[PDB]
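Chemist: Residues per chain are reported as follows:
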Amino acid sequence: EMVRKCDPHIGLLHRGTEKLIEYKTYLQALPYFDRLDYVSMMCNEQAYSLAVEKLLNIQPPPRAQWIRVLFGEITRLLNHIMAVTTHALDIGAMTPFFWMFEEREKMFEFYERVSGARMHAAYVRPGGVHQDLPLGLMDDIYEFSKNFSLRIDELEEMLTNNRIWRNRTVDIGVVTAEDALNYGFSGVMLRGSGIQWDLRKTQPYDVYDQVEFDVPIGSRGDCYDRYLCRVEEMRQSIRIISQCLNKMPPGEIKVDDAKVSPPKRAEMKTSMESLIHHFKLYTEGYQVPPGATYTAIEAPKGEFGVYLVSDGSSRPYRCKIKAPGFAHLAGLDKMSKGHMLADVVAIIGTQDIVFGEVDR
Amino acid sequence: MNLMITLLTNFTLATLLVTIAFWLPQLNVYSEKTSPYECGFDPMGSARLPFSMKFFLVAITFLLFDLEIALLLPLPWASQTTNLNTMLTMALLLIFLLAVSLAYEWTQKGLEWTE
Amino acid sequence: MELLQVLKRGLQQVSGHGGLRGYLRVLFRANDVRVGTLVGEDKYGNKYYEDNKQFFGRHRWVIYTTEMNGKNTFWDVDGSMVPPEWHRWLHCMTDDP
Amino acid sequence: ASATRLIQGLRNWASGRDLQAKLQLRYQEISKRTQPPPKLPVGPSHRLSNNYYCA
Amino acid sequence: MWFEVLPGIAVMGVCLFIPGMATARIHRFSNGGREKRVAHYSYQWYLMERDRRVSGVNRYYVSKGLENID
Amino acid sequence: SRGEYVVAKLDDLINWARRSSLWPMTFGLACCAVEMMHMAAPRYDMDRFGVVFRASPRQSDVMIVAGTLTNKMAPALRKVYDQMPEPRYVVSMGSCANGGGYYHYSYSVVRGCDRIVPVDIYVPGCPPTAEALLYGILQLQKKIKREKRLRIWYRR
Amino acid sequence: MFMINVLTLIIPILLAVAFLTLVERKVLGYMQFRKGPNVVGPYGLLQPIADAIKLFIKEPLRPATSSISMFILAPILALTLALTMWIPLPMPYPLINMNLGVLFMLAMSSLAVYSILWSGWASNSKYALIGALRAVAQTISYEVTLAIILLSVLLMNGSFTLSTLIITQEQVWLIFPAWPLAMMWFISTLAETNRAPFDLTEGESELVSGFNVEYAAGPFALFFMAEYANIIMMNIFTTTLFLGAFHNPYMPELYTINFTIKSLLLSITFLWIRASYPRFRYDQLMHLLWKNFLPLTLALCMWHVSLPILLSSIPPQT
Amino acid sequence: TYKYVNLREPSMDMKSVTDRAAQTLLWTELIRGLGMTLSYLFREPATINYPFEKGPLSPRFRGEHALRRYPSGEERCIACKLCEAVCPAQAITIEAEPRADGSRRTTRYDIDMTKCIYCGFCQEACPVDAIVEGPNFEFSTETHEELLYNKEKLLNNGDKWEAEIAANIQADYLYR
Amino acid sequence: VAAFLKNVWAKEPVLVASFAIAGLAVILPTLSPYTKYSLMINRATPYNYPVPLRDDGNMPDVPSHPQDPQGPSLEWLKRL
Ligand SMILES: CCCCCCCCCCCCCCCCCC(=O)OC[C@H](COP(=O)([O-])OCC[N+](C)(C)C)OC(=O)CCCCCCCCCCCCCCCCC
Ligand SMILES: CCCCCCCCCCCCCCCCCC(=O)OC[C@H](COP(=O)(O)OCCN)OC(=O)CCCCCCCCCCCCCCCCC
Ligand SMILES: CCCCCCCCCCCCCCCCCC(=O)OC[C@H](COP(=O)(O)OCCN)OC(=O)CCCCCCCCCCCCCCCCC
Ligand SMILES: CCCCCCCCCCCCCCCCCC(=O)OC[C@H](COP(=O)(O)OCCN)OC(=O)CCCCCCCCCCCCCCCCC
Ligand code: SF4
Ligand code: SF4
Ligand code: SF4
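Chains as they are written, first to last, in this note's numbering: chain B, 1 to 360; chain Y, 1 to 115; chain A, 1 to 97; chain U, 1 to 55; chain W, 1 to 70; chain P, 1 to 156; chain Z, 1 to 318; chain E, 1 to 176; chain V, 1 to 80.
Mixed in with the good hints there might be a few duds.
[Said to hold, decoys possible] Over 10 Å on every C-beta distance to chain A, these chain U residues come out as not near it, computed from the model:
hint	residue
1	1
2	4
3	17
4	22
5	27
6	41
7	42
8	44
9	45
10	49
[To be verified] Pair ranges (Cβ atoms, derived):
hint	chain 1	residue 1	chain 2	residue 2	range
11	E	160	A	35	26 to 36 Å
12	V	8	E	27	51 to 61 Å
13	A	15	W	62	15 to 25 Å
14	B	161	E	169	50 to 60 Å
No lab work stands behind these hints: they were computed from the structure. Cβ atoms here follow ideal geometry from the backbone N, Cα and C, with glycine treated the same way.
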């Protein structure tokens, strides 16, 4: 059972996403990103939206930026509930799985109230978001966030002080910092190894430079420090959600260029320029200026990047998708040197892998 | 006699719950359902290859501590003797010899696993 | 003691469904025993109930009819049997029946 | 919320926290399902003057 | 709520109350309204076989007191 | 007659035993595995319907193809299906498992698992809600309830 | 009429297994904030009947590569040894009153490993062989303390007799003088029976199902009910060892109800430990029962040898 | 702006060493975990009794498709093909002609519900609110081609669910 | 020895408890006044038959009835 070589054969979920993106418009290419990291939907929406807005030389309104950050942190709670609970399921503690999926069910209800679909929203669009917040949604986000701290506390009561959990995570999957950078690890896979790096602090985007949060740093590069980093990222996500609920601005939710954002249906059905723009946006799409960009955000797995190449038309010429899980699953070969089959499962757990974005 | 009747009954309705499990349902056997299971794909080689034991010194030492509980077992009976200092001395000497064996296997890193 | 109050609440849920026979009816058809404010009934027999003391998800339910469009739905109840005017209220799309 | 005070006290003792202040089951305190009609504000370019697209 | 597990446990409790109680009754039926004679030791078996011999009906649980002697 | 009543009650017995003890196998593929996990979550709770995970295909009843079936895992899906005892059932979850889905015109997507396995219930959605997947499971139970195995056997 | 006594032993302890599946799923449900089975019967009371009928009408699936004689002979031996470890258990009077019933329990604990062992070997698959040798790696760890703990708890009894273990505890529970032996025995019975955190043979996330990954329904039911028969038997054995009740010789039903509710509390404790902990890596299992429980067990064995000599409390063998 | 998870050196006085040794020998945190599991045992579980109770939804919800009609009987689809031009799966197939009274209406309006990704671009691209994605989601089929809706099935879904779709659009349309 | 004792109680408390229980089990039966009563109770338990002796005439301590004043007595067992 001492593992000598791991060969992860992938491509079992390779569907050729980024060739299908080449033949559809930008708005038609947006719901592919919900289905890459299928526990981090609006984070991939936000990464593709920042890529297209970077190529379009436009920016969202302030309210749409704060909505993007609020639902990106709700998305971060979703992804780290998925990470921690499936990691404890794979080690054997199948109970906080069921404890935390009720909270994850309520955040899926937040998605259903804000966009209409529980998982794949197609909501964070290039130009801001699609539709404004319904009334009383922020009050229920507050009622959720006021009580989610005790849920993290009882998860941490079950697993953090537990000696069976420390026996499965502490000497397991140690990653040195230079081999973390030289393998292209990102996010918690760096931060468990003690590397001071986070893309919401170093390369700040929409209003993350206006919120206040702390970046949890590990010390030993193992599964236990990455576990504690994920739990503390849930804590600091609740912190950012409180700061976004308190500091939400009024205003619009799309960019007020109607050659990018679609006009409102109350003024599409009255104005002639707005009807022409509605027509030509939902049929042709907005022309993006030509050129390439690499837009990388801090998805809850790590650096999620879109290398987007536009050729002047209303369709992408090329859309390369950098996922964190691809380089992390490449590093699985080193991380499983000198462990066993009951530890390779925990290393697959501590590398939070979702194989849609690994496989495209 | 009653013990053999009980064992025969338990074996009988163990093998009566097997012959009503094979002969009752409807079978559709074909040469892919009876294949070996290796998580969707084919097994790379047979399972009759040498599956190497890393816990082998502990596996031998199980046989040398399993004799100890063939020696240490009449202690509920040996306490009923009329030579009690000698019985106590030999009893604690045997548990002490087991402990010295376990301590020697501790310090020579034998309870640790290979590789 | 509040344990005898729990037994009284059990007995009045037994007496609330129209006796022990109706209690067994709603038990074996619903796997659920609690009484509720009978909000409405459609043109088929679906009885729509409220209980705002229950938590958000148990607070609105339907006890389906036994005969809808010529099918014996006494045991074969279906989630799609709800007509669309009650499908807002049951799925909590509105506060108004 | 209908848990009797003996079970409520045993449950608070077993968890070690005060659980009724932070219940993970939702009740009357959450938003109404039927909301009043809104009035969404218009953007900065909803103007009738000094609003050329070229600028 | 939680007390719905209390029926099934009870049924399991019934299924654990049936065997032992039954053999208690069985040990009082085929042994004359008393406990089963425990012969852990061969002296106890010699007394039990002596009871089987002195009963006259080849059953150890048939007792003969002072009414048997003159 | 008498024997028609006997085989009718035996059909009702075995259809009850097979619809109220469906053991799905742990088989997800894509985003729909998240909503299948939410159909196992404490709100919807598959386990109250007799619906409990069994990890091996030998010890499972229904194969919920939940996600996108690519060309690389089509024989893995088929050998997993083949290594299920009979009666085995298939529930198709999501648009990619139904008919190719959002990746329909792809070079490496099996356009529906009905090309590979025989499919009983099609559950539509991208993803379908866990309430809709539980609806599909209850419709599978209704399909098992009206099976006529021993009635057809007594009439053949 | 003794055949009636054997049948009234072995049929209710199959129905106790059957309704233990319902108790297991509902207690595991409510401890996981969900519900258990409550749809099939009135609050789930008919779910085990459907789970039992379904497995004996599903296709049996003898594999190709299997050694079919051992493949069928292993669940037969599994269910046989599941049934025959109930016969010395005093309830307050056992079915078969043995002078050496404790060693009978220990020897049939040792022989029950060959069920899992020959089942994992005979079903010629790879996960089955991994689970079959993790059964060895678990058994050589628990058997090397299961004898000494059970030896030291009988040094206050006087013999290997299970019936005398009720007379022994007439004044005090035997968990009061030997609570380290009790809290170590309980973990050794966890590891004995492949219950979590010591699953490790039917390890659902390391392996697929481990030793019975090839056993389809019908032959699979006789490992499921064997495992649950072993946990009910083993909690009854732990109740007789450490939590023995009041025996009225004229009213055996008082003792029977008392140790019934105590053994139910211990089985609920098994299900409640299963619903709370992660699972060991099976070297950390072996570095537990050898490096933590065995030295302390030898120390407590020295203590419980020398202590009845110390206090003139040597128990009688009669 | 950053914090160190797991950088606490344990205290080395006899009090805390004895506390950690009693934690090792008497299993404090294991009883803590059992206490938290027992604390969830005595709670009201969150299991709604489906199919008698339904999970909460919003009027934005995206389920089964439906073609609406004006409040005159005339159907709203005027064959403009924005919904199939914006459709990211190309599930919509439209063919039209002028009908007998000269109106621009469709002859073929197909939505493949096994290609459809339920993202609601067709209801937000439709300039007359003709195609909408309604509130039904329990429309599972036993057969694959029953999820290949033509115009007649979409019009029947509209005439079936219009009494609910009109109220969802009435509650929602100010956000659009 | 004391700083090492706190160090090994901080590192391996199971081993300190093991050596402590083993050391008490070795030394403490040599420190008990009750250990004499252990062997006295063991040699005072009549498993076999107390085979009588032929009265040649000179045995004043060997009794003639089991209720005689002379002989081994077990009143120390009743009092303790
Ligand atoms: C039978 C009824 C129930 C009985 C009670 C048990 C109920 C509670 C069960 C809780 C769930 C447990 C699930 C399995 C957990 C498995 C992990 C585990 O706990 O491993 C064991 C753990 C292992 O600890 P560990 O895993 O930290 O190992 C440390 C290893 N190093 C240091 C190398 C890192 O603890 C033990 O081994 C303790 C064994 C029992 C100790 C008993 C001591 C008694 C007192 C002795 C004397 C002390 C004073 C000195 C002398 C004084 C004289 C005056
Ligand atoms: C000549 C005469 C004899 C002929 C041969 C027949 C022998 C007897 C066979 C068993 C009895 C036959 C009837 C079986 C059930 C038929 C009725 C039925 O299916 O009713 C439906 C109803 C459940 O409805 P459902 O749709 O599940 O409810 C949804 C919740 N709203 O169902 C219910 O509410 C209850 C269903 C009960 C099912 C039967 C009870 C379990 C089986 C017990 C006997 C067999 C097993 C014995 C022990 C074996 C070892 C464990
Ligand atoms: C040591 C103790 C061991 C105990 C083991 C058993 C524990 C649980 C006991 C049962 C608990 C109650 C179960 C009730 C199930 C539902 C019964 C029912 O109503 O079934 C309805 C079904 C269909 O009826 P139908 O007429 O079609 O209805 C249409 C109406 N318009 O009709 C049918 O399905 C037909 C009738 C079937 C009735 C089956 C009832 C359960 C039988 C279980 C077997 C054990 C019996 C007792 C054994 C111990 C005592 C001797
Ligand atoms: C007098 C009666 C008979 C005594 C002898 C018999 C005891 C029977 C009980 C069972 C013992 C079996 C196992 C013994 C192994 C001892 C050796 C050992 O483990 O040394 C290593 C250990 C440090 O562990 P480490 O190096 O980390 O191990 C690798 C894994 N981590 O190093 C240590 O932990 C230090 C070990 C030596 C010092 C122990 C001091 C304990 C003192 C307690 C009070 C005095 C008790 C009287 C006994 C004398 C103790 C010196
Ligand atoms: S049908 Fe769609 S949402 Fe569902 S798993 Fe497939 S890609 Fe993901
Ligand atoms: S919801 Fe999306 S995929 Fe479905 S028909 Fe409308 S635009 Fe096409
Ligand atoms: S449904 Fe709407 S968008 Fe589509 S062709 Fe008809 S009118 Fe145009």
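Chemist: Given the hint of 26 to 36 Å, is the C-beta distance from residue 160 of chain E to residue 35 of chain A inside that range or not?
Modeler: holds (32 Å)
Chemist: Run the C-beta distances from residue 42 of chain U to all of chain A and say if the shortest one exceeds 10 Å.
Modeler: holds (28 Å)
Chemist: Beyond 10 Å from chain A, beta-carbon-wise, is residue 41 of chain U?
Modeler: Fine: 26 Å to the nearest Cβ keeps residue 41 of chain U off the interface.
Chemist: Hey, is residue 44 of chain U genuinely clear of chain A, shortest beta carbon separation above 10 Å?
Modeler: holds (34 Å)
Chemist: Between the beta carbons of residue 161 of chain B and residue 169 of chain E, is the distance compatible with 50 to 60 Å?
Modeler: holds (52 Å)
Chemist: So is residue 4 of chain U really clear of chain A, every C-beta pair being over 10 Å apart?
Modeler: Answer for residue 4 of chain U: violated, closest chain A Cβ roughly 5 Å.
Chemist: Is it the case that residue 49 of chain U keeps its Cβ farther than 10 Å from each residue Cβ in chain A?
Modeler: holds (43 Å)
Chemist: Is the gap between the beta carbons of residue 8 of chain V and residue 27 of chain E within 51 to 61 Å?
Modeler: Given a distance of about 20 Å, which is not inside 51 to 61 Å, the answer is violated.
Chemist: Please confirm whether residue 45 of chain U is truly not at the interface, meaning its C-beta sits more than 10 Å away from all C-beta atoms of chain A.
Modeler: holds (35 Å)
Chemist: Find the nearest Cβ of chain A to the Cβ of residue 22 of chain U and say whether that gap is larger than 10 Å.
Modeler: holds (14 Å)
Chemist: Mind verifying the non-interface call on residue 1 of chain U? Its CB should be farther than 10 Å from each CB in chain A.
Modeler: violated (7 Å)
Chemist: Over 10 Å from every CB of chain A: does residue 17 of chain U meet that, or does the non-interface label fail?
Modeler: holds (19 Å)
The structure is inconsistent with the numbered hints 1, 2, 5, 12, 13, although it conforms to all the rest.
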